[PDB]
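Position chain A with the ligand relative to chain C; hints supplied.
Read off the chains here:
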Amino acid sequence: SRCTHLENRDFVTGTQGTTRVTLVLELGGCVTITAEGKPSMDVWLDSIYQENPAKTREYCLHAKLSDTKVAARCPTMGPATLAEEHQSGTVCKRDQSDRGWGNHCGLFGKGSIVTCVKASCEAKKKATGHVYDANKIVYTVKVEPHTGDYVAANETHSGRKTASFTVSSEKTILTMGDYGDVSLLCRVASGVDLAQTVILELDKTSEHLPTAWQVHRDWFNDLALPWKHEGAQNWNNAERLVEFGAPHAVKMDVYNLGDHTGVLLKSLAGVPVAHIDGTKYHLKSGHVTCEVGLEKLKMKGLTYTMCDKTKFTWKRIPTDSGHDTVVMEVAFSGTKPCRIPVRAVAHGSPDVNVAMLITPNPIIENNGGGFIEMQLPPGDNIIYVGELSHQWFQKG
Amino acid sequence: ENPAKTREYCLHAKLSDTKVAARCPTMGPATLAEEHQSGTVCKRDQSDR
Ligand SMILES: *[C@@H]1O[C@H](CO)[C@@H](O)[C@H](O)[C@H]1NC(C)=O
Numbered sequence: 001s002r003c004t005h006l007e008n009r010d011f012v013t014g015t016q017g018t019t020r021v022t023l024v025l026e027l028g029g030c031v032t033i034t035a036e037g038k039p040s041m042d043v044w045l046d047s048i049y050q051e052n053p054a055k056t057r058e059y060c061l062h063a064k065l066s067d068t069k070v071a072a073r074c075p076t077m078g079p080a081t082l083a084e085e086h087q088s089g090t091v092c093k094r095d096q097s098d099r100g101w102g103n104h105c106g107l108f109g110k111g112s113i114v115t116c117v118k119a120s121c122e123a124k125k126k127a128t129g130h131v132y133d134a135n136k137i138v139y140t141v142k143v144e145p146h147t148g149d150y151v152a153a154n155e156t157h158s159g160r161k162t163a164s165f166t167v168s169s170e171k172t173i174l175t176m177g178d179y180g181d182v183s184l185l186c187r188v189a190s191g192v193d194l195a196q197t198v199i200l201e202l203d204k205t206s207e208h209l210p211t212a213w214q215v216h217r218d219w220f221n222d223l224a225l226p227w228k229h230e231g232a233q234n235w236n237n238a239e240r241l242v243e244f245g246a247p248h249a250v251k252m253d254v255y256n257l258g259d260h261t262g263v264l265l266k267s268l269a270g271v272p273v274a275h276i277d278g279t280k281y282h283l284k285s286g287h288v289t290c291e292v293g294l295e296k297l298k299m300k301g302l303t304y305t306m307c308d309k310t311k312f313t314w315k316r317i318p319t320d321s322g323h324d325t326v327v328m329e330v331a332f333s334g335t336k337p338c339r340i341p342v343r344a345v346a347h348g349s350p351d352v353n354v355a356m357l358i359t360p361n362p363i364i365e366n367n368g369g370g371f372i373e374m375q376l377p378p379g380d381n382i383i384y385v386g387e388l389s390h391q392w393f394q395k396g
Numbered sequence: 051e052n053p054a055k056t057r058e059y060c061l062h063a064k065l066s067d068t069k070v071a072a073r074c075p076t077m078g079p080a081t082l083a084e085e086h087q088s089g090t091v092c093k094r095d096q097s098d099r
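Protein sequences appear in the order of chains C and A.
Using the deposited numbering, read the first sequence as starting at 1 and increasing by one per residue.
Using the deposited numbering, read the second sequence as starting at 51 and increasing by one per residue.
Just chain C, same shape as in the assembly:
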């Protein structure tokens, strides 16, 4: 059961007469679905991603400044000028400088001065944005039958099934092996706000940073840096990384305002990360809405022999899961497929079985089946698996 691997979980319960359950599935959540006379199911939103989402605006984090050129004129001669002022990839400022005799100039007054600095971006100091397309984004929903098999989070359940929901994907049927069929219809517009969302990406090779951040579209367009679109040759607003020092005769002081990477990372502290599996850009938060069809699921092995009540041992003793459920695993020593004789008793009242199983009709197979999950009332209880027993105290 995948939803034991997570400390966020939900439990959904249908009666014997149920069909088409409606869910919100969230990234890093998981839902266990239960219905009377049906096998229970773990259903989760595995991922939301796109292959190669469209590059939007690039920003420059650190300017590389060069070719500072100055021209200046005496107070009568009007504007000083440079061809730079008209070239691509330059920053310029025009100002008034005090002039006089000995400033190698005819008259005491203010002379026009112009300075221009050539201003490319520093190597690998780009913050690129990407935008999702509702016509190419994939939601992934995963399902597993809630069998008596325990498999770790670094391991895969053989009954695990996967459905991709693109916009071109209609109501999809997954054959849960011997457990029948489940059907899913997840509406890709009944999910994340893809217009409001940018995947912000820096250097992918940065060993001590996130691969990307999930950032708001308006905030990204409000980043106060030089910027350009994909394939554009030169930075808009290159001024934002250059300061000019107050004019001195025939000088105005070009200052590179330094690397703004740490300014960005402070404004990205605690912000949701996004993973980048090569070409796949993954959200790590967000959700989808689905209808799940239970109406073609089957109970496995309801016609199997009850197991020999003597032949059980624990593999894993009754344990609190943190979800108010108790989990355990048993071995069985007959060479058989059989129904596990599981029950639990409120201590001192042996007649009323109080085991609400989460694994319905628990069964041991020729390989697999020993794991059981159940819910119990507060106070002292005894769990039984035939002749095995374990006194269990239930909190709250």
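Bear in mind the hints are in silico, worked out from the structure with no lab data behind them.
Yeah, the Cβ is synthetic: ideal placement off N, Cα and C, and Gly gets one too.
Honestly, I wouldn't trust all of these hints.
Negatives, chain C to chain A, calculated, CB over 10 Å [said to hold, decoys possible]: (1) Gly-17; (2) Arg-20; (3) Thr-128; (4) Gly-258; (5) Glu-295; (6) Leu-302.
Only pairs whose alpha carbons sit at most 25 Å apart, straight line, appear in this in silico DSS-like list of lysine-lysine [stated by the list, open to error]: (7) A:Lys-69 with C:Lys-296; (8) C:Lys-315 with C:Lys-93; (9) C:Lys-171 with A:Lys-69; (10) C:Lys-315 with C:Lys-336; (11) C:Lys-296 with A:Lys-93; (12) C:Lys-171 with A:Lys-64.
Here is chain A with the ligand on its own, set in the frame of chain C:
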């Protein structure tokens, strides 16, 4: 001469290509592709099963 037609009516229908689909008491609604198609008449009902 040849006054403008209004509505045609049919006095005698012709029925062909009848199809039935049924589903057991909790497997949800039975369906046919013919419930979408033009020129079909359909009924949806409950059967004691
Ligand atoms: C999962 O991790 C455990 C502990 O390191 C290891 O024994 C087991 O083989 C791993 N399973 C897989 C399939 O990687």
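Against the structure, the hints come out as follows:
Distance check on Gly-17 (chain C): its Cβ comes as close as 5 Å (rounded) to a Cβ of chain A, failing to clear the 10 Å threshold; non-interface status is violated. Separation of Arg-20 (chain C) from chain A is inadequate, the least Cβ-Cβ distance of about 7 Å not exceeding the 10 Å criterion. The Cβ of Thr-128 (chain C) lies farther than 10 Å from every Cβ of chain A, with a closest approach of about 46 Å, so its non-interface assignment holds. Remark: the non-interface label on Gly-258 (chain C) is consistent with the geometry, its nearest Cβ contact in chain A lying 65 Å away (cut-off 10 Å).
Annotated as non-interface, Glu-295 (chain C) brings its C-beta within 10 Å of a C-beta of chain A; the closest such distance is 5 Å. Taking the minimum C-beta to C-beta distance to chain A, about 16 Å, the non-interface status of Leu-302 (chain C) holds against the 10 Å cut. This hinted pair checks out: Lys-69 (chain A) and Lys-296 (chain C) have alpha carbons roughly 22 Å apart, not beyond 25 Å. Distance check on the hinted pair: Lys-315 (chain C) and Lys-93 (chain C) sit about 78 Å apart at the alpha-carbon level, beyond 25 Å; violated.
For the suggested pair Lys-171 (chain C) and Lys-69 (chain A), the alpha carbons sit about 23 Å apart, so the restraint of at most 25 Å is met. The suggested pairing of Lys-315 (chain C) with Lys-336 (chain C) holds, with an alpha-carbon distance near 17 Å, which does not exceed 25 Å. The straight-line distance between the Cα atoms of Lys-296 (chain C) and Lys-93 (chain A) is roughly 24 Å, inside the 25 Å bound, and the hint therefore holds. With a C-alpha separation of about 35 Å, the suggested pair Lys-171 (chain C) and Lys-64 (chain A) falls outside the 25 Å cut-off, and the hint is violated.
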